[PDB]
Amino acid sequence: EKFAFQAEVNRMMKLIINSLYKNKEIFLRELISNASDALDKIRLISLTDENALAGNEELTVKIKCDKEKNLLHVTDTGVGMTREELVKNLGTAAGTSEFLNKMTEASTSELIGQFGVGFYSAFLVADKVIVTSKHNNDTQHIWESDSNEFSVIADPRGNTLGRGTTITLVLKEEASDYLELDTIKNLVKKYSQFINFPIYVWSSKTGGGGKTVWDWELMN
């Protein structure tokens, strides 16, 4: 059922990702960029095929800090991924050479994005990463990994996303700060530069008369 990452690829990625230890907050920049790409794709598709947005009529990025469960969620209503794409694109050449040539013969913070491995920076702050996704052409599925092995299963909750993807991070004890609204809001704003889609953070808001209310708060 489960899978294991390629021995050499894993080892090399461990070193690549670890080199970003002085600026771990970049994982959020990468997840936001990924969401932006998924949203650009569904937006382009919707220009000629309006029914493409039927499963969820909105184009947004919504972030939720679940202090109660020690989880950080980054959800987009982009194009989503099929079960095969989760297994194939989050599980697997001599292209590694091209990556270390860029490493040694040449910055890591700007190379991961270009090499298409920025997603893995999530492991800088998380012991486990879960990817829940729903694409128009398939049912909702869940990918899970501890950075060494991974598995994919049909989501028993059914199609709850409508369309899109949720990146769920099980935060390391030393990354509890990322559950704080102020910290998350600050980072989102710092990394919501060229994203042409609204990004929200589920937050507490002043409700008046001493009342506290919760709602999505626009960051860009």
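Here, rigid core means the biggest group of C-alpha atoms that superpose within 1.5 Å across both forms. Numbering follows the first chain given and starts at 1. What changes on going to the form deposited in another entry:
Relative to the superposed rigid core, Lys14 undergoes a CA displacement smaller than 2 Å between the two forms.
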Contents of the next structure:
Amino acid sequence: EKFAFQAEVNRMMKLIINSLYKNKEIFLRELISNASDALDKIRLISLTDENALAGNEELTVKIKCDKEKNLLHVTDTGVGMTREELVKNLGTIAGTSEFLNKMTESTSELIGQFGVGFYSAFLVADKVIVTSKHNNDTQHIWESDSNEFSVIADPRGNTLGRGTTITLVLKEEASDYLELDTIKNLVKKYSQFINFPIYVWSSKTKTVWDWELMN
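Could you present the same protein in the form deposited in another entry, rather than the form deposited in one PDB entry shown above?
Just the single chain follows, nothing else.
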């Protein structure tokens, strides 16, 4: 169940971390971008497969703060990941050498172009948890504090239907990203041109809670 990161992923985590410590908010842009690609992937698959969306029929991103547990959740109903793709897509790296040299020698935009911005989550988080349900597997949980990771079968079963939740246990100094209005604010900036509905779990007025559409 325990796994080691590949060597180049450890360097990438260090490069990403020590060049973007001044622009930490970019992690939420990269999580929204990753959510959108996964929605695109399942939508393409649904073009040729009648039952692609049966595990869950919406195509959304849902964002939820838990200030009392110190947690931020980003959930998409895209393609999701099998247990094997959790191990490989998150712990390894399939021209990577060229591109860790391109970053050592703005770095903000070209981590977007290689699709490795997932790792920016460690700028604001002490632990990262990925819960994922793919059509060809059971729900699994991937968990890491960057020093190792483990993949386990989710004992709660298939609660996602299909897709992925990223959970971040944020560092103490990142508690500003628990505040409901900063989250809504950053979600606007980084979702203006995403082609899927993106919601924040918010408050309105008696205080009531519901999904508030963002894009």
